[PDB]
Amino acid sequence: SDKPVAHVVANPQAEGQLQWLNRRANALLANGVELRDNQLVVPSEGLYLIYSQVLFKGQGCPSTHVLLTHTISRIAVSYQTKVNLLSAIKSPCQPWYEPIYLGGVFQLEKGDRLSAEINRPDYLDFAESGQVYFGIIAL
């Protein structure tokens, strides 16, 4: 049980924000992985499977064309640059539900940080369990 690993969930008690949380039940933040300033911190150099899901929910369709996005970004320790690794966009309106799942394998450096960010936290459905999550595992 020594591989760097994390599986964090959106805080169901937060309001209008995507706040990642490690839980006692069915969530992970182990073997060097830390949560700092809402970002996952890589403890060692290597290959990592990185993934995240968000679910957006709205009661109806507003007057202005809504675009939803979910993104996983890499903040390199060496440079402090912030690069898009995985992302997608959805338009729910031409109650609605829009899940977005992202996942991929990346070479990361020790101290690099990962953020999983959205644009419309007012539409984030984080109260319902299993819908909003972010994780990594060293391979």
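If you superpose the two forms and keep the largest set of C-alpha atoms that fall within 1.5 Å, you have the rigid core. Residue numbers count along the first chain shown, from 1. Residues that one form lacks are left out of the comparison. Compared with the form deposited in another entry:
Comparing C-alpha positions between these two forms after a rigid core fit, one residue in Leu28, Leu35, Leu49, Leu102 moves 2 angstroms or more. It is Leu28. The two forms, fitted on the rigid core, differ between these two forms by less than 2 Å at the CA of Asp122.
24 to 29, 126 to 128 make up the set of runs between these two forms where every Cα shifts by 2 Å or more, each run at least three residues long, with the core as reference frame.
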The other form holds:
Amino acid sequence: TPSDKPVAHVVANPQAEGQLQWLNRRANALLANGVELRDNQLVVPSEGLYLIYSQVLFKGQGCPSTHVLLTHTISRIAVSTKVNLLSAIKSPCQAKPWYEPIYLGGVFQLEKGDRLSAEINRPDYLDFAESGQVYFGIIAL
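Now show me the form deposited in another entry, since the one above was the form deposited in one PDB entry.
Chain alone follows, minus partners and molecules.
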């Protein structure tokens, strides 16, 4: 039953300047059936298939260099080394303002206790976290 299948959708906190902290947005509708947000990470409560996804927005006023490397990744940690599940790399520069989105999505086999994270490499360029478009979610199929 879909009611029993866990779900989690967290969104970046905009007031946490300089980093990418996840917050549940007081989601009392997302019937998390075990999934928890601990240490900025999602912990899987059950073994099975899960849809893991995440999106980040980057923003910059002008190009200082030409080697602006923005990356977004999703990792898994089981027995307390992290393993990358999904990753992406963008380079917007070759003061004109710019933006670059990075969405990640995939289906993976998880076991109970896994700890999923979604990390970036330039939290300074993170922006638009108040529109709900910077997110990180889990759906048990």
